[PDB]
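Only one chain is shown below, in structure tokens, and it's the form deposited without nicotinamide-adenine-dinucleotide.
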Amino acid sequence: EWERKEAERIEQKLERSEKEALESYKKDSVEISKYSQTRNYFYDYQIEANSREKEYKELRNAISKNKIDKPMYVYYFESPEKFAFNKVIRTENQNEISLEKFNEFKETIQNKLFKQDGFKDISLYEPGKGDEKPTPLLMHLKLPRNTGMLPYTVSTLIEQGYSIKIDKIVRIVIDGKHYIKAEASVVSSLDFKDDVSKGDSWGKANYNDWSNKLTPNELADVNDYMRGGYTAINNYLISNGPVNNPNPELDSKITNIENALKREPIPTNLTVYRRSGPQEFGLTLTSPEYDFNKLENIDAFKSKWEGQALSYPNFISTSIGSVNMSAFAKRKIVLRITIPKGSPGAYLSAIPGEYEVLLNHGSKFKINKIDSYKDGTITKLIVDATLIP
């Protein structure tokens, strides 16, 4: 009975606007949690206009009012699809999980990072007979120190917003039913999501002096790229020009830009966002395979790319923010890239001349997970990828 009273006490910690958001969450948690997962991929004014945005902000703040002084382990059920295992571990009318499935799931999640986002109800205890157990996959996640956790009436609300790795899997039994329990932990990353102004503040802070660290040749070539020279340079790289139609002048610009990007490496794990056209994924601009309003096109896309490596011949322009922009209005693919500390890269928008981080030509990305979301009536994809050192 002490948990129910303790939750009551926790709500009294909150400001009244935050209490108001929690009460709305108590009545309906499904639509707000769904919203909290993909809210940051819309335009900034589209976010501001959303009927659920005030509730999201207040609930986010509410959670931050109750931070743990030490790492804490939480339990919650998850769909294997969340980890790019697009088939059942077992059916829900089954008790057993085959050891082949166990090894297959292990092979899938092995040595990969997976982005987790949005509101989630957790438990501090292992689930038993009475509790709802909707899937065969039970997450046991180590939350890093200073993470908010909101007990309410009893369940507990958290907001995910981090890369996770599954270190170990174990087979457990509850009421005769077998589950995969997945031991997971958080790998820290800077992720500004929709807050482009804070992102831009970071970028300027980390790259304000970068220009001064460049040689005159390097500075000239970085300037030329930013001013529109990127089209010639990237078209030349994409068509394999250096081999089949060499341009020694363009090759020299490319070398200089590459060197500039290696001068001041990305100092911390950083998440960036690229709105990708069809060509980067091997589709023509006119491709009927590029339309993700049809489910068959999504299936085909995952089958080609999910769990596979993707190399870019050209330099890769990304944003520190995940927000949609007019320049990328048509594009149906958000490439969400985690950059490991030490990678070549630069915030180009530190030079006067929006929100651009440039990654080195010839970079390879490991596509961990692909998901779809609705932006009005256009289905778009979110490609969760890691830049390979």
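Positions refer to the first chain, counted from 1. In this text, rigid core is short for the largest set of C-alphas that superpose within 1.5 Å between two forms. What changes on going to the form deposited with nicotinamide-adenine-dinucleotide bound:
- For the listed set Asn146, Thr284, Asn240, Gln110, the sole C-alpha moving 2 Å or more between these two forms on a rigid core superposition is that of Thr284.
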The other form holds:
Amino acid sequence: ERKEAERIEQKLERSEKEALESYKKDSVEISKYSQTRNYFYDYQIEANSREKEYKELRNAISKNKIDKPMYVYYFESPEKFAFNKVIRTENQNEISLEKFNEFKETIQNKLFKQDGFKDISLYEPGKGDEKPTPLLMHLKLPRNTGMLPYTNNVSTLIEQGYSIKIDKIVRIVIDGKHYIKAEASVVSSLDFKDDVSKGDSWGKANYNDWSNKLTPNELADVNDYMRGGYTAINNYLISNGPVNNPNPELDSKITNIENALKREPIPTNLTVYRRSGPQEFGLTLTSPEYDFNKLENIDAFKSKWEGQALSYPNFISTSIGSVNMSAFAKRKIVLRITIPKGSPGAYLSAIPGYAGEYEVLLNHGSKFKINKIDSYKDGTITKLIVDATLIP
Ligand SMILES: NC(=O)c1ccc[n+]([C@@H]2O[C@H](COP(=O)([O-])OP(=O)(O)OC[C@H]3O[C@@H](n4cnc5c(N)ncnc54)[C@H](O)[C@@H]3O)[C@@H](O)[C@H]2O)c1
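For comparison with the form deposited without nicotinamide-adenine-dinucleotide, would you give the structure of this protein in the form deposited with nicotinamide-adenine-dinucleotide bound?
Expanding to the full complex; the earlier chain stays at the top.
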């Protein structure tokens, strides 16, 4: 408890001790920063007054890893799991069976990306503890997760960077009030976020000889696509060409590119990023609904898209990195995709003379289940993070 915290403190560098002191004074804004820091430009990240703070605190946590799986407790907002409603008010004592089952239906068969610093407890909160929400998380952290106990009373810091699944929910009572206790698990996934260099090494390791697994026709067609053939190919797909104006030559190229993507399937759970334009979600740059600075437009977007399916007729390019790019400066929707191990796809940026950087291509006709949508501020512009899973 407190004694652990005083022991673990000795393991910290002076800079890490310094980061922890700031955290105690500024926990809220640092945690918030730790959740969205990787979505900005590299130069915005390096300039941020809380960036050195992030790195140091990240490092401190990694110096105390657990030797076995451990359960942790913390309260969470239901909106985190795409339940955009109160389970019950603070004044109310009961959670109805209907509201319980509505929450169950919402979280069922979904994976939820969790990120950023979080204060946890090893003990179930009781009669005299802070209970901010009606939703209590009981999450199993795997062996080797960093965990930093520290004195302020005593708290424990973790850094979330994984998907969670909710295995079971139960209605419990603490101090004459109903809560939903959620038993959750960690599903791991490779997520490079802003570390594009490490993502490149992984990509090149896994796709260096991808060309040599391709037949000559497959190789020629993939080459054609990357040399600029994608415009005609994808417009044909977007425009419903196979149905309304068939082109067998194009159909043949499409088939070969699809077979090439299935040739060396994504070897692990992978998170990728796409800065989406308005037309991917049935909008335009001048659509009033595209103004996410107005809250009713975020609600309307979530109402249409959250919990729903999105599919692309075209081949879909994504990145192993989450950072913003000037080419995408005016895009407001960041698509954050989990790609299950064994899915079609290829790191195209592993091909010697290819101009594209950090790029993973996904198969045409791909479908994504949107688990959860978040908003964030990018300067004055509100932007959206769409937490999606490729369903192959
Ligand atoms: N967008 C990303 O985050 C991303 C990531 C990695 C690589 N790239 C590559 O960067 C280059 C330029 O980026 P880009 O995104 O403008 O190229 P793109 O070909 O992906 O997009 C072209 C335009 O049409 C779009 N579009 C794509 N699918 C659509 C659909 N199903 N319905 C309607 N419109 C659709 C986009 O919104 C955009 O306005 C491309 O070569 C792309 O492959 C992009």
